[PDB]
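Just the one chain here, the form solved without the partner chain, laid out as structure tokens.
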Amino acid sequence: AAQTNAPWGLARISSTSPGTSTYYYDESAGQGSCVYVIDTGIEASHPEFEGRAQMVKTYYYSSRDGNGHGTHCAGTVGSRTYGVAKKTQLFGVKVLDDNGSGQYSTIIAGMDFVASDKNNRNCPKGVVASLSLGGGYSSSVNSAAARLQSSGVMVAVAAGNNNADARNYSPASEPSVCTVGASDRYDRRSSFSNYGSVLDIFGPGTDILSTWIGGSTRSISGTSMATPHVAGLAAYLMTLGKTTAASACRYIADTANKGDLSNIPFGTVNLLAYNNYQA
């Protein structure tokens, strides 16, 4: 399948070169997979989700996304126009309030919620979780992410936006999950992206168009935007049977575009997520 005039990041993940605008992908499109978006919620009524999104849990007075961040991330995972895996099922877990903040205890509870809740969902091709959030180092937060991964969920987490080594942030610093840095449309490391040995992969993160609340769209930047590209890619590859939740991060790194990013610090991987789709 070819989507013309796609957002640059979708085109980038199906290309050996920057500077193109068509996204190419296998029509299976993540059908039969599920992606949890652990964030501020998802506006499931957005036409771009086509009925494939739903809120499954909130820790606040509403499950609605009163912020936009979670809706934007969910759109990059799986919206019809802005998403990597255009036929995946999207499940929202609202651990962040409408200002984008949340207590670590609530985030940990949300991760353990997903590890159990997947057993209440039909995801025969596999389960992914996208965590576009983070803070300072916490062994407890890292352990929660490691439990979620161990339970059979491909966990992708944002590296953070501090232009610093991600070893001092959680869940970015947890070794067993997939820690995602951000790049721009010219294959430069995004100016804010964290780096370091704990990164596994880069994805598009600067100027990413996706869904927003009120049935709208907008372009924003962050490692929060790169993370759902990798989450959606994992769902897409698991549906194709190319990898599993336990091995998908390693598979994405093994099949990535290598050595093509600029301003990558010595000791950080130079690997850009790539679907290796041959139309």
Contents of the next structure:
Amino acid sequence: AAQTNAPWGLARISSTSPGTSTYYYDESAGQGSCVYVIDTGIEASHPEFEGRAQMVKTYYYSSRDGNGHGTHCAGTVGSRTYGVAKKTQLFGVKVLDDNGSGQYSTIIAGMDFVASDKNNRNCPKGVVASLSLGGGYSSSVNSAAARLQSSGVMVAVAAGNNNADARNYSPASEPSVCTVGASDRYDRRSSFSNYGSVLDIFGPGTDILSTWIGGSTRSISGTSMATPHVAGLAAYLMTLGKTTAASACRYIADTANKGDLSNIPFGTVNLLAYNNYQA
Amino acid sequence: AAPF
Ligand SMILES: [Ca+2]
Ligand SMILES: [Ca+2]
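Structure of the form deposited with the partner chain bound (previous: the form solved without the partner chain):
Let us now look at the entire complex, which starts with that chain.
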């Protein structure tokens, strides 16, 4: 399949080169997979989700996304126009309040929730979790992320936006998950992107168009935007049978575009997520 | 935490 005039990040993840505008992907499109978006919620009523999104948990007075961040991330995973995996099932877990804040005990509860809740869902092709959030290092947050991964979920986490070593942030610093840095449309490391040995992969993260609350769209930037490209890519590859939740981060790194990015500090991987789709 |  070919989507013309796609957002640049979608075009990038199906290309060996920067500077193109068509997203190429197998029509299976993540059908039969599931992605949990652990964030501020998802506006499931957005036409872009086509009935494939739903809220499954909140820790606040409402499950509504009053912020937008979670809706945007979900759109990059799986919206019809803006998403990588256009037929995946999207499940929202609101661990962050409408101000974007979440206590670590709530984030941990939400990760343990997903590890259990997947057993209540139909995801024959596999399960992914996208965590575009974090804070300072916490062993308990990292352990929660490690348990979620161990339970059979492909966990993708944002590296953070401090232009610093991700080793000092959580869940970014948990080794066993897939820690995602951000790039821009000219194949530069995004200026804000964290880096370091704990990064597994980069994805598009600067000036990413996606869904927003109120049935709208907008372009924003962050490692938060890179993470759902990788989460969506994992769901897509799982549907194709190319990998599994335990192996997807390795598979994505194995099959990535190598050496394309600039301003990658010495000791950080130079790997950009790539679907290797050949019509 | 905060959103990224
Ligand atoms: Ca290249
Ligand atoms: Ca890792």
